[PDB]
Structures are given as structure tokens and as C-alpha cells.
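> So you can see what is in the structure, the chains are spelled out below.
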Amino acid sequence: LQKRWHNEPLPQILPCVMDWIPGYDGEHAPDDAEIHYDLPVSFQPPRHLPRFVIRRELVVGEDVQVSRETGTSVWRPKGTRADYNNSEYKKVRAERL
Amino acid sequence: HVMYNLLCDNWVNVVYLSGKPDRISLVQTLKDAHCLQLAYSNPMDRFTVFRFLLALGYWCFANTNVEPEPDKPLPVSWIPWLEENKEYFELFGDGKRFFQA
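First to last, the protein sequences are chains A and J.
Add 194 to the 1-based position in the first sequence for the deposited numbering, that's all there is to it.
Add 78 to the 1-based position in the second sequence for the deposited numbering, that's all there is to it.
Because the hints were derived from the structure by calculation, they are not lab data.
Accuracy of the hints is not assured; some may be wrong.
With a straight-line cut-off of 20 Å between C-alpha atoms, the simulated EDC-like cross-links for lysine to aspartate or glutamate are [what the hints assert, rightly or not]:
1. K150(J) <-> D225(A)
2. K98(J) <-> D219(A)
3. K164(J) <-> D110(J)
4. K98(J) <-> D213(A)
5. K150(J) <-> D110(J)
6. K109(J) <-> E161(J)
7. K98(J) <-> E221(A)
Could you build all of it, start to finish, from the sequences and the hints given here?
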């Protein structure tokens with residue numbers, strides 16, 4: 195589960211929608227199954243057929259592991275304040291002198 | 079001529095609980111009314127289909143005096159009664175037409 199920034203709020207539950215599965219034990223459609231009209235047959239004279247749809251849930255941390263964002267989002271100008279104590283500047287200054 | 083009866087020809091699209099969509103006629107629909115579901119894209123279409131089915135059941139009960147029971151396919155002596163007057167459900171006929179003038 196990808197994230198985008200540091201304080202990105204997250205849901206504890208991830209609902210999922212799945213197609214119903216045959217198998218002749220539960221050959222009849224269950225009670226908690228809804229019907230969706232999204233079985234395509236044709237497209238130019240568009241034709242759709244019913245399809246039984248089941249619903250389940252998932253929980254973050256036990257099935258899906260939360261990932262982290264890559265790169266840098268917030269952009270700031272460099273604006274490096276000059277320092278007169280590090281070694282590199284102390285040698286560059288003597289070289290200029 | 080042209081023959082097209084409501085009971086004889088498949089014009090009702092349903093879906094069985096086993097997941098197989100199909101198109102069937104009127105005689106098969108009420109024979110297995112306990113194993114399928116009406117599937118129409120527009121909700122008004124399936125509402126009017128159910129209303130016509132209810133009105134037909136009301137008429138046949140009025141002329142057979144049988145009250146339907148739950149979980150049954152349908153009460154017996156309803157399919158043969160609808161087959162008795164199969165000429166009344168005529169479309170593109172000669173003198174007798176269904177829902178026409």
C-alpha cells in the first residue's frame with residue numbers, strides 16, 4: 195500500500211469487491227451477494243449482462259504492508275548560508291588570499 | 079401469416095442463482111420461478127415486468143382459487159391454465175392481439 199507524504203492519513207480497513215466463485219458446493223448464490231450489470235458482450239450496440247458480486251474486507255498490517263514514498267515532494271530553494279568554520283572554506287579562503 | 083406468442087417464444091431475460099444468464103419464455107419462467115431472478119438494466123423495466131407477472135397471477139388465482147406458497151416454484155394448475163388460453167397472448171396476429179387496439 196503506497197503512501198505519498200509523511201503524515202498521510204490511512205484507513206485501517208480496505209474494502210474489496212470480488213466476483214463470485216462457483217464450485218458446486220455453494221452452487222446457489224449466497225445471501226450477501228449483490229448483482230452488477232457489468233458483463234460485456236458487445237460494444238458498438240453496447241450489451242451488458244448481470245454478474246453476481248461479493249464483498250470482503252482487508253486490514254492493513256496483517257495482509258498488506260504499508261510502503262513508503264520515493265523522491266522529494268516539497269521543493270525549497272537551496273539558499274546555502276555561508277559558513278566560516280569548516281575546513282574546505284578555510285582552505286579556499288587561504289588559496290584566494 | 080406471422081406467429082408470435084408470449085408463452086411459445088423466448089422474450090424474458092433472467093439470471094439463475096448458479097451464475098448463468100439466459101433468455102427464456104413465459105412457460106419456462108413460471109415453471110422455475112423459484113430458481114432465477116429477473117435481470118433488467120433499467121429498473122422501470124423490471125418493475126413493470128414484475129407488475130404484469132403479478133397481475134397475471136392475480137387473474138389466474140381469481141379463476142383457479144389457488145394461493146401460492148413460499149419456496150414453491152409455483153402453485154400447480156397454473157401452467158396448464160395459461161396453456162388453455164394461449165391464443166389470447168397473441169402478437170402480430172390477425173384479429174386477436176395482446177395490449178393493442
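> Take the hints in turn and mark each one as holding or not.
Okay, the hints, checked on the actual structure:
With a C-alpha separation of about 19 Å, the suggested pair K150(J) and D225(A) falls inside the 20 Å cut-off, and the hint holds. Between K98(J) and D219(A) the alpha-carbon distance is near 16 Å, which keeps this suggested pair within the 20 Å criterion. Between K164(J) and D110(J), the direct Cα distance comes to roughly 19 Å. Compliance with the 20 Å bound is thereby established for this hinted pair. Note on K98(J) and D213(A): the hinted pairing holds, with a Cα-Cα distance of about 14 Å set against a maximum of 20 Å.
At most 20 Å may separate the alpha-carbon atoms for a hinted pair to count; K150(J) and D110(J) meet this at roughly 9 Å. For a cut-off of 20 Å, the pair hint linking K109(J) to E161(J) stands: about 12 Å separates their Cα positions. At most 20 Å may separate the alpha-carbon atoms for a hinted pair to count; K98(J) and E221(A) meet this at roughly 11 Å.
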